[PDB]
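Student: The primary structure of each chain is shown beneath.
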Amino acid sequence: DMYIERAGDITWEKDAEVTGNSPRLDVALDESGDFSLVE
Amino acid sequence: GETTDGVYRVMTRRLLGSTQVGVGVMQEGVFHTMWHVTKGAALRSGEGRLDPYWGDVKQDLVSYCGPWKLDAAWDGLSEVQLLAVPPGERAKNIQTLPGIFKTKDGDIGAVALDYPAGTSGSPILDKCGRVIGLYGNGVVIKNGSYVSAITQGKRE
Ligand SMILES: CS(=O)(=O)NC1CCNCC1
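Residue numbers (full-length UniProt numbering), protein chains in the order written: chain U, 1418 to 1456; chain D, 1514 to 1669.
Keep in mind that the hints were calculated from the coordinates and are not lab data.
Be aware that one or more of the hints could be misleading.
List of simulated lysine-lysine pairs, PhoX-like, C-alpha gap at most 20 Å [as the list claims (entries may be wrong)]:
1) U/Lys1431 - D/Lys1640
2) D/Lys1571 - D/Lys1582
3) D/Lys1617 - D/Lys1571
4) D/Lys1605 - U/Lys1431
5) D/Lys1640 - D/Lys1582
6) D/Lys1640 - D/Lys1605
Here are the in silico distance ranges between beta carbons for each label pair [to be verified]:
7) D/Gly1657 - U/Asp1418: 31 to 39 Å
8) D/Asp1618 - U/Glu1456: 15 to 23 Å
9) U/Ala1445 - D/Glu1515: 33 to 41 Å
10) D/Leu1528 - U/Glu1456: 33 to 41 Å
11) U/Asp1443 - D/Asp1569: 21 to 29 Å
12) U/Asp1447 - D/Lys1655: 17 to 25 Å
13) D/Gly1589 - U/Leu1454: 16 to 24 Å
14) U/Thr1436 - D/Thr1616: 24 to 32 Å
15) D/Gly1561 - U/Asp1443: 42 to 50 Å
Beta carbons are placed, not taken as given, at the ideal position from N, Cα and C, and that holds for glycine.
Turn these sequences into a full structure, and let the hints guide you.
Tutor: Right, dumping it as C-alpha cells:
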C-alpha cells in the first residue's frame, strides 16, 4: 500500500551545486521502456 | 489528502520499515510519477485515495486524478536543475548541462547524475521552475556511470 508525503516546493535554487557532464549518446528504446546503448 | 503543488516521496510499508520507492510531482490536482515506481497501483495521501488515470510503460510515465499536466521542454541550450529527493534525505537542487540521447525517433535531453533507485520520479526544472521532465529512466554507459533521460509526457 503505497502512500505519498510532501518533500518540498518546486523552485530553481540560485547558486545550487553545479555538476555532471553532457554526453551525446546513440540509444534505443524498447517496448518495455528500457533504454539501451546503440554501438 | 494533501493536494498542494510540490514534490512528494512515494513510500511503502510492505517491506522492512518504511521504504521510499520513488518521487513524484503534484501539479494542478494531478500526481505525476514514473510507471516503474508504482507499477500503476493506487496511492494513499493521508485518508484519501489517488487512482491512476493515464499511464504508458514505454514512456515509463503515469498520472493520478487527471491527465498529464506537465508540458515544459528543455530548450536544448541551458543548464537545468534536478530537484533530487533521495531516500531519508532532504530535497536538494543539482544544476547540470544536459547531454542528449539520439534515437531513431528524435533526440531527448539526458542528465548525467547518479542517485539511489528510490530517487526515480524526481523533477528536472528549467530556470523558471517549470518541470521539463522526470529523472529515473536511463542507461549505464561505457565508463559505468548512469545517465537518465529527461522524460516528459504529452499534455492532451
Ligand atoms: C534508477 S535511479 O536513478 O533511481 N537510481 C539508480 C541509478 C543507477 N545506479 C543504481 C541506482
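Student: Each hint: holds or not?
Tutor: Hints, verified against the model:
Taking the CA atoms of U/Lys1431 and D/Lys1640, the gap is about 9 Å. The hint holds against a cut of 20 Å. With a C-alpha separation of about 18 Å, the suggested pairing of D/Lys1571 with D/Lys1582 holds against the 20 Å cut-off. Among the hinted pairs, D/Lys1617 with D/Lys1571 is consistent with the structure: their alpha-carbon atoms are about 15 Å apart, no more than 20 Å. Between D/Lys1605 and U/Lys1431, the direct Cα distance comes to roughly 12 Å. Compliance with the 20 Å bound is thereby established for this hinted pair.
Annotation: proposed proximity of D/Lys1640 to D/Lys1582 holds, straight-line Cα distance about 19 Å (limit 20 Å). This hinted pair checks out: D/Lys1640 and D/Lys1605 have alpha carbons roughly 15 Å apart, not beyond 20 Å. Checking the proposed 31 to 39 Å range against D/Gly1657 and U/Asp1418 shows it holds: the Cβ atoms sit about 36 Å from each other. In this structure the supplied range 15 to 23 Å holds for D/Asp1618 paired with U/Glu1456, their Cβ-Cβ distance being about 19 Å.
Take U/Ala1445 and D/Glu1515: their Cβ atoms lie about 39 Å apart, and the range 33 to 41 Å holds. The beta-carbon spacing between D/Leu1528 and U/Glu1456, approximately 36 Å, falls within the hinted interval of 33 to 41 Å. Taken as a hint, the range 21 to 29 Å holds for the pair U/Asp1443 and D/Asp1569, whose Cβ atoms sit roughly 23 Å apart. A hinted range of 17 to 25 Å holds for the C-beta pair U/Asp1447 and D/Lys1655, which are about 20 Å apart.
About 21 Å separates the C-beta atoms of D/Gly1589 and U/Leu1454, a value consistent with the hinted range of 16 to 24 Å. About 25 Å separates the C-beta atoms of U/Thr1436 and D/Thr1616, a value consistent with the hinted range of 24 to 32 Å. Between D/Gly1561 and U/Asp1443 the CB atoms are about 44 Å apart, so this pair conforms to the stated range of 42 to 50 Å.
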